[PDB]
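> Below, each chain spelled out in residue letters.
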Amino acid sequence: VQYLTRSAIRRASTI
Amino acid sequence: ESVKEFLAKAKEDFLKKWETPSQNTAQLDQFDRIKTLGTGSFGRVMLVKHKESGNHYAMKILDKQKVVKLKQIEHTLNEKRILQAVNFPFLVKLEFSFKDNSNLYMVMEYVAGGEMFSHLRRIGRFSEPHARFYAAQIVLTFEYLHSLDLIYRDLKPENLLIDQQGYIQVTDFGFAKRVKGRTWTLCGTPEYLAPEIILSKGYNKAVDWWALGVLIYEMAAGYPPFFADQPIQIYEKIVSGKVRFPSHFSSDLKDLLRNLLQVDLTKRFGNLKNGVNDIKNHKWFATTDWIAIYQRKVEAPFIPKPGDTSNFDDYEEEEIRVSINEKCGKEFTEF
Amino acid sequence: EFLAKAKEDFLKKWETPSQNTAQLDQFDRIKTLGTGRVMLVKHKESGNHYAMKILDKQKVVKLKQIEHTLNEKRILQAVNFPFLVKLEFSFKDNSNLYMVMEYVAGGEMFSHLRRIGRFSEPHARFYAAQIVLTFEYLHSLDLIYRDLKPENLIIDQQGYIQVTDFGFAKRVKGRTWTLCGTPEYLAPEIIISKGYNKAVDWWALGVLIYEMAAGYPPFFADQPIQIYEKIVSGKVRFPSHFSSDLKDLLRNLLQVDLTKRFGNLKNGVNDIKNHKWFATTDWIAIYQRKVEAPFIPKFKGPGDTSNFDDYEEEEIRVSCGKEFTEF
Ligand SMILES: [Mg+2]
Ligand SMILES: [Mg+2]
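Chains as they are written, first to last, in PDB author numbering: chain I, 9 to 23; chain D, 13 to 317, 321 to 350; chain B, 17 to 51, 55 to 338, 343 to 350.
In isolation and in its complexed conformation, chain I is listed as follows:
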């Protein structure tokens, strides 16, 4: 199970 919520995935720097 891979949830794409920013509560689960690595958060990328504001580009």
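Since the hints were derived computationally from the structure, they do not count as laboratory data. Errors might be hidden in some of the hints.
The calculated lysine-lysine pairs, modelled on DSS-like cross-linking and capped at a C-alpha distance of 30 Å, are [to be verified]: (1) D:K83 to B:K213; (2) D:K105 to B:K81; (3) B:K249 to D:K342; (4) D:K78 to B:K192; (5) B:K279 to D:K342; (6) B:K254 to D:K83; (7) D:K81 to B:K319; (8) D:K78 to B:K21; (9) B:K249 to D:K317; (10) D:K47 to B:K254; (11) B:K249 to D:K78; (12) D:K345 to B:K213; (13) D:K317 to D:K254; (14) B:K319 to D:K78; (15) D:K47 to B:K81; (16) D:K83 to B:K266; (17) D:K189 to B:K192; (18) B:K29 to D:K78; (19) B:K213 to D:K81; (20) B:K279 to D:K81; (21) B:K81 to D:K345; (22) B:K279 to D:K168; (23) B:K189 to D:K105; (24) D:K168 to B:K249; (25) B:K249 to D:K83; (26) B:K254 to D:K317; (27) D:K254 to D:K309; (28) D:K249 to B:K254; (29) D:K217 to B:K279; (30) D:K81 to B:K266; (31) B:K249 to D:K213.
Okay, the calculated beta carbon distance ranges per label pair [unchecked claim]: (32) D:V191 to B:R190: 41 to 49 Å; (33) D:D161 to B:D41: 34 to 42 Å; (34) B:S212 to D:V255: 53 to 61 Å; (35) D:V80 to B:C343: 22 to 30 Å; (36) D:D41 to B:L82: 37 to 45 Å; (37) B:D161 to D:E64: 52 to 60 Å; (38) D:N293 to B:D276: 14 to 22 Å; (39) B:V337 to D:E341: 42 to 50 Å; (40) B:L27 to D:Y235: 55 to 63 Å.
All residues carry an ideal CB built from backbone N, CA and C; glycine is no exception.
Position chains D and B with the ligands against the provided structure of chain I, taking the given hints into account.
Frame of chain I; chains D and B with the ligands shown alone:
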């Protein structure tokens, strides 16, 4: 069916204003700046009086530059473009819009009662005829919006303003999209998201029916059906699907919610071929007159207490300065 | 006295740097570590393992990152501190920049935090103290880091923090305006565009500490704009399991008001270092790393990447050069 007939006159008119949006319907000097009702990251909301009419309005000042800095350009144009084409009793009304060298302006009906979120919190929970009253209003609004190929994608208590007349008025269409097909953005709050969304499946209007299911549940219990203090667990608990009902849930309510909170898109109330009729006839809505509610000839359970920002906050009041220079002119000309 | 000398050697290096002390054909690129791209490398001659950040000259440009990258490189190579990853080498294989740093095999704090869910307050306090000191160091050089977050703090073999990703660090006596960072960690000032200073890191610290203790960060949503609104609200709810002294600290760190934000007042860090949450912290002991880590990642031997996720490996070949003259 007068129902089917009225939604066509409605589609029609929505469509006129959609192709030909109304711009500059007013200007800054027509209003008195009373009070800051709220602030954000590229704008604020101000209590104002229209000078000639003497009527109060909630006015949205969007700093055009901030909007571009935060990449909100189309999200902004989109909300404006939608509010300005739309017309239904239970949606907040955009009375006027217009712009400066510096800002964007959205004058709304002022709704003093505040939002259902606080009230529900304040008073704990709602009786079922109480919850049903608000629920009836949402069903109609979705029936209306969906008719126009519009997904709301943001159902949640803090988006439901309560007017002096006690009726719900829906606000915030930042995330509403006009979509015939399917869409993929994660955007609504975690507690109201449908399984599809969480699984990046590619969803449609049936999402709002899922969310309505959640609203009703929370309104009736005082908390959402998939609660958890940890964000990730909110998501897991939705995908799992197990829902427990407080002892005090009418067998009708349980049956409704099972059909609303339903993974099986093929069995979810709203998405079936019988449409909203499945919901509007369900045994939990027997004691509700749909045209009376639309006409607001149904007594409301609750009513909140010339201004003032009683049920609002106090904020540091800023001048609404406007550059002698036109800012970000090109990208907002469609406003 | 210490800072005085640290502010000295950092100056000497900051005005007499090192460039191109290696070449691509001196390592056998073993695996991809993170994602730009970072690879576990092993030097031919030395045989030691390093981590090689490979930066694509053309995306850097196309993305307008020249100052920023010329920068991390410039600063990384000139800083010296126990919890700052060491840049071991650097050079440009004519199509992309290469920074070679010590390999820190423990992995992102991020993956351990997510795996576990949340650290205990004593565990969290252990890491917090290290960042508190790393910032004092860095601020004393008038640097702002601006990219605090779990995925940027690696755990070394002893379970001590190593900071990577200096992508956004700038030298700022005074004020700056650039909007960078990562949404969940941005202070109101940086969202709100009336300019800001190093006090932006102490706010970020409040976010990190909270996320460590809780498992999620104080201002949460699946879209940056929603996060911004929550940050500007500035309103925070704490878990019931949070200690009262913990609750206190975060209120002082997550202060919108630059006038009462801890670390940005009269006693600088000492207000943080002297707060009741930190009572049990021997600061000199942490600086020397003579404190036993409550957690140690499982490292087997040279070249284990089990602490890192897997990633597709693309090849790195040669065929926007004029712009990196001094890189
Ligand atoms: Mg990074
Ligand atoms: Mg970076």
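> Hey, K81 of chain B versus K345 of chain D, does the alpha-carbon distance stay inside 30 Å?
Holds, at roughly 23 Å.
> Starting from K29 of chain B, check that the Cα of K78 of chain D is at most 30 Å away, please.
39 Å, violated
> For a C-alpha distance cap of 30 Å, please report whether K249 of chain B and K78 of chain D respect it.
Holds, because 16 Å separates the two Cα atoms, which is no more than 30 Å.
> Hey, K317 of chain D versus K254 of chain D, does the alpha-carbon distance stay inside 30 Å?
39 Å, violated
> Just to be careful, I want the Cα atoms of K249 of chain B and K317 of chain D compared with a cutoff of 30 Å; is the pair within it?
Satisfied, since the Cα-Cα distance of roughly 28 Å is no more than 30 Å.
> Starting from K249 of chain B, check that the Cα of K83 of chain D is at most 30 Å away, please.
Answer holds: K249 of chain B to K83 of chain D is near 17 Å, not above 30 Å.
> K279 of chain B and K168 of chain D: Cα distance at most 30 Å?
Violated, at roughly 34 Å.
> Please work out if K279 of chain B and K81 of chain D have their alpha carbons no farther apart than 30 Å.
Distance ~28 Å between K279 of chain B and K81 of chain D Cα, so the pair holds.
> Regarding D41 of chain D and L82 of chain B, is the given constraint of 37 to 45 Å on their beta-carbon distance met?
Because 44 Å falls inside the window, the suggested range holds.
> Would the hint linking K78 of chain D and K21 of chain B be met if the CA-CA limit is 30 Å?
42 Å, violated
> Can the restraint linking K83 of chain D and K266 of chain B be considered satisfied, given a maximum Cα separation of 30 Å?
34 Å, violated
> Sort out whether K213 of chain D lies within 30 Å of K249 of chain B, counting only the CA atoms.
Satisfied, since the Cα-Cα distance of roughly 28 Å is no more than 30 Å.
Hint check: violations occur at hints 2, 5, 7, 8, 13, 14, 15, 16, 17, 18, 22, 23, 27, 29, 30, 33, 34 and 38; the rest are consistent with the structure.
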